[PDB]
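Only a portion of the chains appears, each positioned as in the full assembly.
Going by the order they are written in, the chains are A and B; count residues from 1 in each one.
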Amino acid sequence: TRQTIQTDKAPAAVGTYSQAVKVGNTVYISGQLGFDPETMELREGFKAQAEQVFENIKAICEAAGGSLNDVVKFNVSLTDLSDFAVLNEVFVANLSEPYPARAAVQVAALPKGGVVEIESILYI
Amino acid sequence: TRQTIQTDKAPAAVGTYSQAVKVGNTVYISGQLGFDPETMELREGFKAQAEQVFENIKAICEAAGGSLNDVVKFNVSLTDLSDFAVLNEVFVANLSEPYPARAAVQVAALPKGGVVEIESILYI
């Protein structure tokens, strides 16, 4: 019933947490930053980090037995809401309608100096 | 199975998201800002925006077949914690006991220059 997901197709945790926890058909995916999992280096710039975040989330979704289509809620933390338009473009490029529920805020800073962090909840 | 919730009585999404997603008895409501749902203009000042956020959430609750009494968790983002006392007053005016679980933080900024965003989870 409860599984702790761990796949090296997504970035290793950079703190004391697991990549995702699945309970029943619900999955809680940790905040993902724009790391290339092979190097654990952030991509350069907001757009590349946001695209990488989606790759990272997708890899965890698949290791949890689902896909991005199973996301019901995303929580987005940006360090600059000037990036909101490109955020929305990256969402369109990676998702199909109907889109999940979402929240979005500008924070002061993010782990490892990322400029975008996205958390996810799935129902598979 | 997922059901996406939409109502013209709440603001249209200002980004790539749905107003809410329902899975069984659980509903994930997107962050709501203090927009008038017809004009998409923010109300003037914190109190009016907070009251409008509650009207927007209530509309989505009703579209999902529930009410504010079904909220189990609110997540509040403020741009000024000086508004905390009035936030708590607006909560009392709009809710009956038992109150939901909550978190509240001061963020750096919110989309479109709002001063309050509230996300909600229901169990109907």
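Please note the rule applied: a residue touches a chain if its C-beta (ideal position, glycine included) is under 8 Å from a C-beta of that chain, and two chains touch if they have at least 3 such contacts.
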item	value
Identical protein chains across the whole complex (2 displayed)	3
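Basically, only the chains that are shown with their structure count from here on.
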item	value
Partner subunit B, residues of subunit A touching it in the complex	72-75, 79, 81, 84, 87-88, 91-92, 95, 98-108, 121, 123
Contact set on subunit B toward subunit A in their complex	2, 4, 13, 15-21, 23, 28-31, 75, 77, 107-111, 117, 119
